[PDB]
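K.L.:
For chain A, the structure is supplied; the task is to place chains B, C, D and E with the ligands on it using the hints.
Each chain, letter by letter, is given below.
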Amino acid sequence: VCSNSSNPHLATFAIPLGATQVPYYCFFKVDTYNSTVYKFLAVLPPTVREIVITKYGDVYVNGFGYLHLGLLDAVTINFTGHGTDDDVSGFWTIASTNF
Amino acid sequence: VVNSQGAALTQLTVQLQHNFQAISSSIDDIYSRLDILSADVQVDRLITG
Amino acid sequence: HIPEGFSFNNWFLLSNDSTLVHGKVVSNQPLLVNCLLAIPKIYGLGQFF
Amino acid sequence: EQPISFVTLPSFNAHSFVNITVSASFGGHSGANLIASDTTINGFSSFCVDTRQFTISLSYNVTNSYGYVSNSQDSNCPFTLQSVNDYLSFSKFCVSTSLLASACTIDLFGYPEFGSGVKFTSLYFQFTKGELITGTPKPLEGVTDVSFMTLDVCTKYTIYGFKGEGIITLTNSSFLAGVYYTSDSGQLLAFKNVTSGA
Amino acid sequence: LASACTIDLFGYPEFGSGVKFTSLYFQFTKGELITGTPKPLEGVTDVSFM
Ligand SMILES: *[C@@H]1O[C@H](CO)[C@@H](O[C@@H]2O[C@H](CO)[C@@H](O[C@@H]3O[C@H](CO[C@H]4O[C@H](CO)[C@@H](O)[C@H](O)[C@@H]4O)[C@@H](O)[C@H](O[C@H]4O[C@H](CO)[C@@H](O)[C@H](O)[C@@H]4O)[C@@H]3O)[C@H](O)[C@H]2NC(C)=O)[C@H](O)[C@H]1NC(C)=O
Ligand SMILES: *[C@@H]1O[C@H](CO)[C@@H](O[C@@H]2O[C@H](CO)[C@@H](O[C@@H]3O[C@H](CO[C@H]4O[C@H](CO)[C@@H](O)[C@H](O)[C@@H]4O)[C@@H](O)[C@H](O[C@H]4O[C@H](CO)[C@@H](O)[C@H](O)[C@@H]4O)[C@@H]3O)[C@H](O)[C@H]2NC(C)=O)[C@H](O)[C@H]1NC(C)=O
Ligand SMILES: *[C@@H]1O[C@H](CO)[C@@H](O[C@@H]2O[C@H](CO)[C@@H](O[C@@H]3O[C@H](CO[C@H]4O[C@H](CO)[C@@H](O)[C@H](O)[C@@H]4O)[C@@H](O)[C@H](O[C@H]4O[C@H](CO)[C@@H](O)[C@H](O)[C@@H]4O)[C@@H]3O)[C@H](O)[C@H]2NC(C)=O)[C@H](O)[C@H]1NC(C)=O
Ligand SMILES: *[C@@H]1O[C@H](CO)[C@@H](O[C@@H]2O[C@H](CO)[C@@H](O[C@@H]3O[C@H](CO[C@H]4O[C@H](CO)[C@@H](O)[C@H](O)[C@@H]4O)[C@@H](O)[C@H](O[C@H]4O[C@H](CO)[C@@H](O)[C@H](O)[C@@H]4O)[C@@H]3O)[C@H](O)[C@H]2NC(C)=O)[C@H](O)[C@H]1NC(C)=O
Ligand SMILES: *[C@@H]1O[C@H](CO)[C@@H](O[C@@H]2O[C@H](CO)[C@@H](O[C@@H]3O[C@H](CO[C@H]4O[C@H](CO)[C@@H](O)[C@H](O)[C@@H]4O)[C@@H](O)[C@H](O[C@H]4O[C@H](CO)[C@@H](O)[C@H](O)[C@@H]4O)[C@@H]3O)[C@H](O)[C@H]2NC(C)=O)[C@H](O)[C@H]1NC(C)=O
Ligand SMILES: *[C@@H]1O[C@H](CO)[C@@H](O[C@@H]2O[C@H](CO)[C@@H](O[C@@H]3O[C@H](CO[C@H]4O[C@H](CO)[C@@H](O)[C@H](O)[C@@H]4O)[C@@H](O)[C@H](O[C@H]4O[C@H](CO)[C@@H](O)[C@H](O)[C@@H]4O)[C@@H]3O)[C@H](O)[C@H]2NC(C)=O)[C@H](O)[C@H]1NC(C)=O
Ligand SMILES: *[C@@H]1O[C@H](CO)[C@@H](O[C@@H]2O[C@H](CO)[C@@H](O[C@@H]3O[C@H](CO)[C@@H](O)[C@H](O)[C@@H]3O)[C@H](O)[C@H]2NC(C)=O)[C@H](O)[C@H]1NC(C)=O
Ligand SMILES: *[C@@H]1O[C@H](CO)[C@@H](O)[C@H](O)[C@H]1NC(C)=O
Ligand SMILES: *[C@@H]1O[C@H](CO)[C@@H](O)[C@H](O)[C@H]1NC(C)=O
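Protein chains in written order, with UniProt numbering: chain A, 348 to 446; chain B, 1041 to 1089; chain C, 249 to 297; chain D, 496 to 693; chain E, 595 to 644.
Bound-form chain A, shown alone:
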């Protein structure tokens, strides 16, 4: 979950944003069957270039391996069918990589 001085409740959770709109403070809501909390991750860096997610539990973004987790199962994604969601989509290409 990202945000840019626009926090209906993340402002209540921990600080309004921590920066202005151009920076994007983004958390994980620890959404599970019992508890829900927001863990601050980072702000939008000047450049983001590629993404890769591994089964082991670490996602490598731009080639740094920010954080590892347990073995992964799956994922789902949805922006909308609102026109340019695939026209200006960042995914030039996507590949099922293997080691």
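Heads up, some of the hints might be wrong.
Unchecked claim - Quick list of the computed label-pair ranges, beta carbon to beta carbon: (1) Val1083(B) to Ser511(D): 50 to 56 Å; (2) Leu1049(B) to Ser597(E): 39 to 45 Å; (3) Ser554(D) to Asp420(A): 40 to 46 Å.
Unchecked claim - Non-contacting residues of chain D with respect to chain B, defined by C-beta distances greater than 10 Å in every case (computed): (4) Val544; (5) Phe574; (6) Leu595; (7) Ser611; (8) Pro632; (9) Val689.
To be verified - Here are some chain C residues pointing at chain A (derived, C-beta under 8 Å): (10) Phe254; (11) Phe256; (12) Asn282; (13) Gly294.
Calculated from the structure, these hints are not laboratory results. Heads up, the beta-carbon is just placed ideally off N, CA and C, and yes, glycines get one too.
P.N.:
Structure of chains B, C, D and E with the ligands alone, referenced to chain A:
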């Protein structure tokens, strides 16, 4: 001979890189992270190595 | 396998730490491919993987 | 009189103050013997770190007729509360009064001068290294970039868990990837401004 | 007991906690008399199969 002379220096870097039988190769780290006597034992090992 | 001539402009060595400006090495990397997709247009409808 | 420069992953300030408390009573048992021992980590027997920035506070509690006790701690761990307070950056940490694997065990000892000293309890600390949680002597006031730095002069630094003594400068050489660049011997020579790329 | 291997068990009730149960202790020496199989071997008079 030119290949021969182009040698006998890299391994020197290799040994100094190692941590041998010690918490960390950073002397100051343990220095900051520990009292005197134990680190003294390890640095003796290290200097001897 | 990878067809030649490709730039790999946004491709970077999988490293959990450290940085190498130049050199050569063999290692394990997530480069084998099972399928390929480009210019997606369906993920906006709750696409699952 | 070394200037100090501190730089890590840029971020705001979110400080927390965790307290550990130890309580003992001798005045009634034998003067040296213990009536009751009570240790609380923020009022609990176990706890986990919450904020990136935090500080630990240990409180002592002595009940005795003489009133004089010599305190001592033993550790099975390469870290001490005094040491860790000095801007130790780390990833994950939790504390408990119950035995846990991969948890450092720490004991406290007190000498009431009645003739014999005692030990109170063992604390367990499981943790894994990283750049999430940092322990500081005191917080930072309204700081959106906790890192502090200076150039042109030699300074005592600690960068991403890499501390040393050196003089820092800027170069226009640039690269698209990597933030720190370590010597083959293991010295981070150059590095990049995470926020700006400098 | 005298020079015994110790095993401990930890449990997690999904409350976010992990606690230990107990410790078990073992004495042993290498040898032939007794062996640990994953399934008993039957229909055999000389156990070795090659
Ligand atoms: C963390 O992430 C996991 C996925 O990794 C989530 O698991 C899914 O959660 C969703 C909702 O939270 C589940 O969807 C609902 O499931 C109910 C029962 O579970 C059945 O789901 C499928 C059918 O979809 C079955 O094949 C399966 O065997 C389960 O028995 C359904 O009853 C729900 O349907 C309701 O709405 C429809 C709308 O039309 C009605 O018609 C129905 O009558 C009914 O009222 C709904 O489908 C999904 O099943 C879960 N899947 C898995 C694999 O876990 C977790 O939920 C998430 N954590 C939290 C806290 O949400
Ligand atoms: C990856 O990201 C880059 C960012 O640079 C995109 O490239 C630019 O995209 C913007 C829009 O996202 C383009 O701006 C618009 O260009 C229109 C021309 O049509 C095409 O022209 C470029 C080539 O010059 C194509 O690459 C691109 O796909 C465009 O679709 C103009 O007609 C627009 O003018 C008016 O458009 C709307 C119409 O309603 C108005 O509301 C606007 O206010 C505006 O007045 C607009 O200027 C820009 O031209 C692109 N530049 C280049 C070099 O391509 C990539 O498209 C994007 N690709 C993917 C796959 O994500
Ligand atoms: C930077 O640092 C990280 C941290 O260590 C390194 O990450 C390691 O990456 C290797 C490469 O895959 C991992 O090795 C793999 O370990 C798996 C562990 O699974 C067991 O453990 C889990 C619990 O953790 C159990 O639930 C599970 O059931 C297993 O018992 C293995 O399963 C993998 O098996 C491999 O070999 C088999 C053949 O036997 C193949 O069939 C598999 O496909 C697979 O190839 C594999 O051994 C290692 O675990 C990672 N470390 C950690 C701590 O998890 C990075 O490699 C390191 N370097 C870089 C550049 O990032
Ligand atoms: C450092 O730590 C020591 C402990 O080693 C503190 O000493 C007490 O510690 C206890 C336990 O944590 C704290 O709670 C207190 O309990 C006392 C016990 O009551 C006795 O004394 C009262 C008179 O004061 C008698 O009336 C009673 O019958 C008992 O003989 C009480 O003083 C308090 O509890 C009272 O109120 C509750 C609620 O109303 C009642 O249920 C009790 O029965 C009792 O009436 C008190 O809660 C407390 O922190 C310490 N108490 C005292 C008096 O010192 C040191 O104080 C501590 N030093 C610090 C923190 O600086
Ligand atoms: C590169 O490395 C350097 C350290 O080596 C760091 O750069 C600093 O980054 C921080 C945050 O990114 C900048 O912090 C500044 O804080 C100011 C707050 O103090 C002022 O507060 C009020 C209101 O502004 C003033 O009235 C008062 O007089 C104080 O002076 C902000 O005001 C600053 O905003 C201005 O500068 C930034 C760029 O830094 C612009 O984007 C804004 O629009 C505005 O012009 C700013 O937030 C600090 O200035 C940076 N430089 C230094 C020397 O500290 C970072 O690690 C990295 N670079 C960046 C940009 O992060
Ligand atoms: C050293 O290595 C050599 C070369 O391999 C071995 O020499 C032969 O090894 C085989 C097994 O490896 C021996 O086979 C055994 O024969 C025993 C006696 O044979 C008969 O016994 C009765 C007689 O009526 C009947 O069962 C039947 O007609 C057999 O032909 C058997 O006792 C053995 O298994 C019997 O019992 C099991 C369990 O009840 C049944 O499942 C079997 O069907 C069978 O009835 C086994 O068949 C053979 O005797 C060896 N000598 C020869 C061929 O001359 C050495 O044994 C080996 N030394 C070791 C390992 O110490
Ligand atoms: C864990 O630590 C202590 C446990 O004793 C608790 O927080 C403490 O709260 C007291 C009272 O608010 C603070 O005392 C205050 O000190 C300031 C000066 O710093 C003074 O101006 C005030 O008048 C008051 O005396 C104390 O500093 C503070 N200490 C810490 C470490 O927090 C609380 O249980 C825990 N701390 C938390 C949750 O921050
Ligand atoms: C994506 O889907 C989830 C559930 O399917 C929904 O809650 C969410 O609002 C969707 N995202 C957007 C941007 O609509
Ligand atoms: C600084 O910038 C100048 C601009 O011309 C360049 O010549 C010089 O090499 C740069 N310094 C570096 C790259 O260290």
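K.L.:
Could you tell me which of the numbered hints above are not met by this structure, giving the numbers in increasing order?
P.N.:
Hints 1, 2, 5, 10 and 11 are the ones this structure does not satisfy, whereas the remaining hints hold.
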